[PDB]
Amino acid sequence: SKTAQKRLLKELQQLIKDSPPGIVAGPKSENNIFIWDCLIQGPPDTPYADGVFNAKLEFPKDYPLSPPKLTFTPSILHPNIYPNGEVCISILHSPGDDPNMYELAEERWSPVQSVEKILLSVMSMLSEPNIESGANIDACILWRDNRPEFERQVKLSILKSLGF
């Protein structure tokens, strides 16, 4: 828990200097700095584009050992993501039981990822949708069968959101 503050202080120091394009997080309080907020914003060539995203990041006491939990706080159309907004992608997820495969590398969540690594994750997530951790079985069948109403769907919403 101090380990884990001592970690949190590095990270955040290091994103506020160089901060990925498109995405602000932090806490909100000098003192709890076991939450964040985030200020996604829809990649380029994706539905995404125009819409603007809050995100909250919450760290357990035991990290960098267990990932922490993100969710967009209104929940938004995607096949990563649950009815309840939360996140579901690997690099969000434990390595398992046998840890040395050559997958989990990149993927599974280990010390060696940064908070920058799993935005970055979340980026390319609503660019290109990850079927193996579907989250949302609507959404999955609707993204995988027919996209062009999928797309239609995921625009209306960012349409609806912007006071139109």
Given for the second form:
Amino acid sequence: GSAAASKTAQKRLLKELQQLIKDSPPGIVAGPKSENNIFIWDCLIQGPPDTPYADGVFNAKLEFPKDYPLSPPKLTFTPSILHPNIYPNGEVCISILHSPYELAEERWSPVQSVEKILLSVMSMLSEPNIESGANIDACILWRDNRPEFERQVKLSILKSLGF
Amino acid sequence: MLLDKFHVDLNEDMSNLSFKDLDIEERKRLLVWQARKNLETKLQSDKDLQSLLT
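Could I have the structure of this protein in the form deposited with the partner chain bound, to go alongside the form solved without the partner chain above?
All chains and molecules follow, beginning with the one already shown.
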């Protein structure tokens, strides 16, 4: 939008980066993909313990809009991973990444943060919510055939690490 | 493939490194390397894991 909005977004994103590095949450490595564009971040996240994702690490692209924080970033796993709350194409579909299906909260607002988004994604990996799932095939498999769900996730992890 | 994407050599050794000492880019490489090494070990004892590759 406006030049002012862009200025504010860059200032805010610098503060977000500082906070994330300072807090240093376990299993998360994220920052601007290049030094001349703070609006695109590259992320690598360790799969949470005691889940099918545990032995894996997962790459994602975090893209911020020019009027951040009045709009949420888009987060896309690249390549896509199987999960009830991740679209087949890799886009993550959780409340914190949407502006005001299926109500309650917490949705995106300027009082949320990148660290909070990344923490929410980790929680999502540990606790899928099929009732608001974006990948129905993943939802059905999780509900009905957990063994097959886990076999598919684990095979993909093995392949991602060169096995 | 993560090792190709993050330029981690198949035979690389990062056994002495801690995340606190590394910049962001090297932290990603370490995370991938540790994941690979941890799976290599698991794979040699876990028949169910081996079955997935056949």
